[PDB]
Amino acid sequence: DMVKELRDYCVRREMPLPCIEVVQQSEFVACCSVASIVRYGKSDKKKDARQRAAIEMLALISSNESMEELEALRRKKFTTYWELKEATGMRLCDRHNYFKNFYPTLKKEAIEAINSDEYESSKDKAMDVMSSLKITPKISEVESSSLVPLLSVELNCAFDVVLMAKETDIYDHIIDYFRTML
Amino acid sequence: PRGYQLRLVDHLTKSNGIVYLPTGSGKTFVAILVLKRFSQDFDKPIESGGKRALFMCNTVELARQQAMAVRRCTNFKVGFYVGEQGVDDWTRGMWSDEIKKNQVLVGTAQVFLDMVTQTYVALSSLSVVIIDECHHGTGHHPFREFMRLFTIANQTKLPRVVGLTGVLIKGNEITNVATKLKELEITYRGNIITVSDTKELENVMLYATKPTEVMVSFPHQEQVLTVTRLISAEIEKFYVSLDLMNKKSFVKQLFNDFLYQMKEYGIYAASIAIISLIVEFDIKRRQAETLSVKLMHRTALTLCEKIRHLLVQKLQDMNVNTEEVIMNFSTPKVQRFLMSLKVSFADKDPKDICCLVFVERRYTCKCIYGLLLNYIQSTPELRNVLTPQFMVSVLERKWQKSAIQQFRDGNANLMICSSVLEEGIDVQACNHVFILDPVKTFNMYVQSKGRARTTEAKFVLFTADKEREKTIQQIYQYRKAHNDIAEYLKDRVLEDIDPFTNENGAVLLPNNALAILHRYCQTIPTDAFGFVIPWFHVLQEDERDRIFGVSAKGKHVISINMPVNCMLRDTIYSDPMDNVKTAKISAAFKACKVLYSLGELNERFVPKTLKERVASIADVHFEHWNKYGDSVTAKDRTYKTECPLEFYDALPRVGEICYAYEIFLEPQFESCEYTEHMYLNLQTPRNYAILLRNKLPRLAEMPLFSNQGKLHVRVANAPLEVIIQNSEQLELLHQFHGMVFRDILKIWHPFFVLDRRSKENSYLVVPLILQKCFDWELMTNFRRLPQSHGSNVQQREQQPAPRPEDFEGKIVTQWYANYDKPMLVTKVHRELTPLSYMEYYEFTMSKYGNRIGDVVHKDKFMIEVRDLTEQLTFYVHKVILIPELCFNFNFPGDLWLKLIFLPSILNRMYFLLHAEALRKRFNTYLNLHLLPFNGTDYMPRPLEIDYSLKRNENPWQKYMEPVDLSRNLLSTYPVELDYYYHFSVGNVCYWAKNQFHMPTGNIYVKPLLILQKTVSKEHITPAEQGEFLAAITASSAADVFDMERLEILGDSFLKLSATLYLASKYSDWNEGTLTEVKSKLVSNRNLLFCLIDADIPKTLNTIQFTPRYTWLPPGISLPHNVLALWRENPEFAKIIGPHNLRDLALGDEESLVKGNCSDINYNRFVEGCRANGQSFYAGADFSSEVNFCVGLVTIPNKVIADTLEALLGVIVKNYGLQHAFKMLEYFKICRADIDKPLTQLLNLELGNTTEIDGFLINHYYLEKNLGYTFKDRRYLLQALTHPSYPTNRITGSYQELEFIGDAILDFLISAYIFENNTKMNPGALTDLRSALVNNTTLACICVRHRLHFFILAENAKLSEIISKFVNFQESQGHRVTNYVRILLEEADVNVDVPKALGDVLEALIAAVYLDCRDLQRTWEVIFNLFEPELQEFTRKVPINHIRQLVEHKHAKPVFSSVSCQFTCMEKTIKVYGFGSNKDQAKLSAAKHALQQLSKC
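Chains W and D, in that order, are what the protein sequence lines are. Using this note's numbering, read the first sequence as starting at 1 and increasing by one per residue. Using this note's numbering, read the second sequence as starting at 1 and increasing by one per residue.
In case anyone wonders, no lab produced these hints; they're calculated from the structure. C-beta: ideal position from N, C-alpha, C; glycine also. Treat each hint with caution, since some may be false.
In silico negatives: residues of chain W with every beta carbon more than 12 Å from chain D [to be verified]:
#1 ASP1
#2 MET2
#3 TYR119
The list that follows gives simulated cross-link-like pairs (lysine to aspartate or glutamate, EDC-like), each with its CA atoms no further than 16 Å apart [unchecked claim]:
#4 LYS553/D <-> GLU543/D
#5 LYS76/W <-> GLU86/W
#6 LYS294/D <-> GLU143/W
#7 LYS27/D <-> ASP10/D
#8 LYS1467/D <-> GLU21/W
#9 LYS294/D <-> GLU154/W
#10 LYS1449/D <-> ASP44/W
#11 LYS553/D <-> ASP570/D
#12 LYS1228/D <-> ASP1095/D
#13 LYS100/W <-> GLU305/D
#14 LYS1495/D <-> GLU961/D
#15 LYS294/D <-> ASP160/W
#16 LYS46/W <-> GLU1466/D
#17 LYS1452/D <-> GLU27/W
#18 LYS627/D <-> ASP10/D
Sequences and hints are given; from them, build the entire structure.
Pasting the structure below:
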């Protein structure tokens, strides 16, 4: 069931909806243009050709669910064409709203924590902000001129957010990025 | 008028030069032509008169561009000495060796400053120094230091300096233009030379009308916004962190550019710049290997996204593509521009308005395109009137090419263009030229103001209030500069005789003499690229003195050099005259006078048309056309038929000798159950014989066929000689003949009567029994086969008991429920009896309820019968029963079987006897009638069957191209950004080697036998009888052979011989006159008339063999009275038809003893003929049906010409070319001169060393690649000289040799294909031949063998069209791909395949032959050149394009009778097909459609 699988990788990977159209009479050529990328699969039957083209489109789009479970918790993504049926993807311009496009509840905790100044606000203010947003920090050192060693913090999201700063202020920049984006 | 390029090249050849060409990118063609006009000494060594050239450039990268360009466009060896190659520290030894190998030394000015300054290469050694970007050479510069080297060296031995520049003065130095330009002239030792401002080249510096002008103001932002500072600070924090690293500079540059775009073009436009930066950084992050480098590109992206989030949030305060969001958040500059665009472009005529906006950088263009599209779309006032586009990695180039064309075509109205530092904007004249970013260079000002070309057009320039005064000052300085450069350049720009009356009294005037010369130049054969015109040249003082005395000392003389295609080749020197005008007028008069005298102009002084030239030679060569009533100077036919000479008057008499040639049928199959009845019976010694008064030659052994198997027929060479001793024995013979065709095999029609007059086909067939003798008892008893009467039961009682011997081999028919079906008694089943049950008395009785009575005999033998076939045509590949009931003709089984095969042996023999007659005649004429294998000792070989006969540029396509991420920034889905990466990396889809190097790899001699038979008479083989029979057998006859394969060799040879004959006889003609007279000397009509005059069309095998409805049997004819009437009255003949003839119903005496029809029957017949016309089916052409009766055939005008060609083919194959040439004067195609024999056409004359060698610079490499070394290199020179070559006055064009060459190639290729491809049908051989001698298959080989580097031409078009083709082919692999075949050619009226490339290959083939004069050595070259393409095309033959269109599975050809309709991805698309002739037009339309189908 290639049509179903392609429709899925499209809806799941946050790619746009695939549109399959066969036009030649004779024995059938399917032109599918998921996202201005058009590949042609031609076979004997109307229904049969579509399947071949869908593999062709799938192969190119795939080439480019353990992680997804977490992200599903943080967003209202449908996660299946049918789930979309259950009831126009992200463009390169609108990816800037990742953290910002999140569940009112987790952020509302983070917004309160980052604004609130009631504790040992060192890495306990930053950790709180991210912990509410279900975020794990992959902290790592710089590779040269390590005076007040810089840390490269990578968060576990599709956006691939990596923040670099001085040891003392790495903990302040995390707080700042989060503030601006939410 | 000659193009600026050619005139510039002439001026540069005459004197030093600085070519200032602002636009058109034609600097390269001029650089290449000058380099070629000074290349007569690039071969000689420096030790004795050698000379080399230099191409000094400012930059190494520019030098690479110019070295590659020289190698591609020239046959000159090119060295590339650039300082980075450790070219420094070179000993005199090395600079000596490198000037020995290379000729055009291309490099950087520093390398050659050192070379010339040190005594390494003297300026005397140089013929031409070309300096690129000559503006740079001012004050202290390697260019200026080089020219001072010139000012110290010995004079009278200094090179020709040709500087090239597009920007006359360096940027912003505008103070004293005049002084700077004078200094530049003094430096390069020669005046600047530029073209005027006309249609062909738009000059920027010399345009007069100036556009209306506007300067617009905008104030400083009242408050800097907060997000501008914050975004600025965050990029500072990033700069500190990334500074601590390990590439880094590029990441920094992009962020600094963004900052520029943000401050100068506004907050909103930054929202479109950050999307651009994200794309770039992502592409790069993927293009990495070290994880740490990738880390820099990842952290940058995270900042970019924070930026888009921030910059967007500010706008969000008010999709944010609304007019009121672009307006409120934009630097006052952009607010002014957006309003100014809106108010001005309120004419609202999309087609009328055209606006060019110039911006500072590349990224700016990207961002402003974005801002403009989103403002326009959201603004009701501008939307639908304004469409934007931006003009500024291999894929990147193609996208811009589409954008520039979109603006030029007129789809897009606005073009945002980046800075043009040293180049001219290449767009049409705009209307409102806006400059958003301030002008920084004079070149920017002149190039920009240049685009506004009408007074109506406006030039608007945006400057801030504070800088307004300073800009008003610089614009006045840039306007004064323009007006000064303009005057200096204005000076330096590229700008009564009595009549003669002919004998007739027409008057040539010296005014029209140029017009008449131009018409004569339009007549001579020219390429699609354009006509060639005469070349005028004023003579300098030294020449005037040498040619003429004090007569032209103070006077001017101009010479006119006619094109080589014109007959006149000698230069005509004009009258010594007072003015330049009386020089040109006189030169023209003198040329027209000489052309008239050479018979190239009518008595009315107007060049002769092709028709008039043909009319003069029409009587000389086409005289025979007159009798038939059709003349050369502006279907089918009915011919009689003649039996062979041996069959005419062959009726045996009753007092003379009679020859019986017994016919021996020999089965060639295996005995089985199926064929046992066939083998034994056919081999029985009871054969029939052909009895005739005349003797017969030795006839070949023909293959007949049958259901069982093939069998061989052999008429015996020796005749048993017998004399008839009676007149009743003759009647026995005649009656037995009548009864075979009347009864044994029914071929009888009511009209048929025995033909007792000898007349035609009068031979007899007689039974023969064991030596041998005529069977006289069989003849008596079977005068008429008895009727199957059958009988009654009581009658059946008295019948004697059947005896075994009685029915051993005889023939029987079943009386129960059947009519006249004869069957052969294979064996008597004596052992079994009627009572026995079958694996039976009842079986038969039940089967015929009343038809059979009770059997009289309970016990008897039962006969086994195998029925006999009903078909009388044989050329193309256990019913045990009761005896009492079957009727027993006593006829032998032995003969009945053989006589079924008789009608098809008799027909084949008629035609084989015609074949022997032709053999003898031709052999006698060629005087080979005495050779021992052609004499009385000739023993012919069997007919053999032809088993072959059926009877027996980028790799990616359109849809795979990624979207431009740049032109669609705000709506590119993240998926594409990944596709772009892989596709670009290709995951989804030199100075030591000479240009003329043939790559050693596989793309994709054994002597011709005809050329061995031509040289040695030992190899000659006998012209066989089967070959002449195949050569007269048309394909419609449905036989085992045909004239089609021999016709290919015959047509090839007839075209070669006509070419050689016309080229030798008339050697002062053009290809145009020679190719027309040839195409009319080998035309179907000429050949048809020739064959009709030779009487060959009557003796032809063209009509199928339906032995019953379309055949009169030998010795059996129509009633003599009726046959006389048909011939006597042409009027009745028309009405005499099938229905009338069948009603005659002759019987007994009328159809046997008495020949003539009875008077009553005659009356019945004539009344019948009148009735049809007066009643119904009147005026019907019953000619097909009743032609067979009177002996007439209808043959098309095609088969007759094909037969002539096939006879020529037989002669060529068996006797070589010289004996075949004699045949062409036999048919009176080629009239033969007394002075020059026809046979010696091959060796007939088909037609200073140092001068010839000058044109052929690296001919060693041409000869090495061609495989033939030229002794007389005058043939090489003429093979290479395009008609557009002014310097080659020694020889003529390539056009004379191509004529001779296309014939030598066609003939040799065809002989090879015939001899080696004998398993391919004649249709496939015609296709393989037409696809091996195409003009696109020859152009591919010419490029493959690198022979196009030596073509001598100076045409702009031809050179571009040759380069596009060679670059196409270099990628294709140098193979004849489908795409090359679909490319448009010159013949199909935009040309992709230049014709010149292919004619030059044919001419080189001709030149090879004229030097060697050996068709064997001409073949060794042709084979080596065509060996790769012969192998591939034989494996898969290239189909006619018609076939590709018709056989397009998805597409449906719809030709109009030639517009063609087709289906591409099922979209209705029709492309018009054009062509002068419908047959050629059909192909042409297909090709166009096929390209269109690929276009999809």
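Structure-based check of each hint:
1. For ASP1/W, the shortest C-beta to C-beta distance to chain D comes to about 22 Å, beyond the 12 Å cut-off, and the non-interface label holds.
2. With a least beta-carbon separation of about 18 Å from chain D, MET2/W lies farther than 12 Å from that chain, consistent with its non-interface assignment.
3. Every CB of chain D lies more than 12 Å from the CB of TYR119/W, the least distance being 26 Å, so the non-interface label holds.
4. With a CA separation close to 10 Å, the supplied pair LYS553/D and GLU543/D stays within the 16 Å bound.
5. The suggested pairing of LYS76/W with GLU86/W holds, with an alpha-carbon distance near 12 Å, which does not exceed 16 Å.
6. Of the pairs offered as hints, the one joining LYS294/D and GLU143/W holds, with about 13 Å between alpha carbons and a cut-off of 16 Å not exceeded.
7. With a CA separation close to 14 Å, the supplied pair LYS27/D and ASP10/D stays within the 16 Å bound.
8. Taken as a hint, the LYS1467/D and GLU21/W pair is honoured in the structure, with Cα atoms around 14 Å apart against an allowance of 16 Å.
9. Of the supplied pair hints, the one linking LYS294/D and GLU154/W holds, its CA atoms being roughly 13 Å apart against a limit of 16 Å.
10. For a cut-off of 16 Å, the pair hint linking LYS1449/D to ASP44/W stands: about 13 Å separates their Cα positions.
11. For the hint pairing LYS553/D with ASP570/D, the CA-to-CA distance comes to about 23 Å; that exceeds 16 Å, so the pair is violated.
12. Distance check on the hinted pair: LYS1228/D and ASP1095/D sit about 13 Å apart at the alpha-carbon level, within 16 Å; holds.
13. Using a Cα cut-off of 16 Å, the hinted pair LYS100/W and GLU305/D holds, with the two alpha carbons roughly 12 Å apart.
14. The hinted pair formed by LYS1495/D and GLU961/D meets the criterion: a straight-line CA distance of about 14 Å does not exceed 16 Å.
15. Proposed proximity of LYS294/D and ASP160/W is supported: the alpha carbons are some 12 Å apart, at most 16 Å.
16. For the given pair, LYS46/W sits about 14 Å from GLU1466/D by alpha-carbon distance, which is consistent with the 16 Å threshold.
17. Restraint check for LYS1452/D and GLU27/W: satisfied, since their Cα atoms lie roughly 14 Å apart, inside the 16 Å limit.
18. Between the alpha carbons of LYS627/D and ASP10/D the distance comes to roughly 58 Å, so the proposed pair goes past 16 Å and is violated.
The earlier numbered hints that this structure contradicts are 11 and 18.
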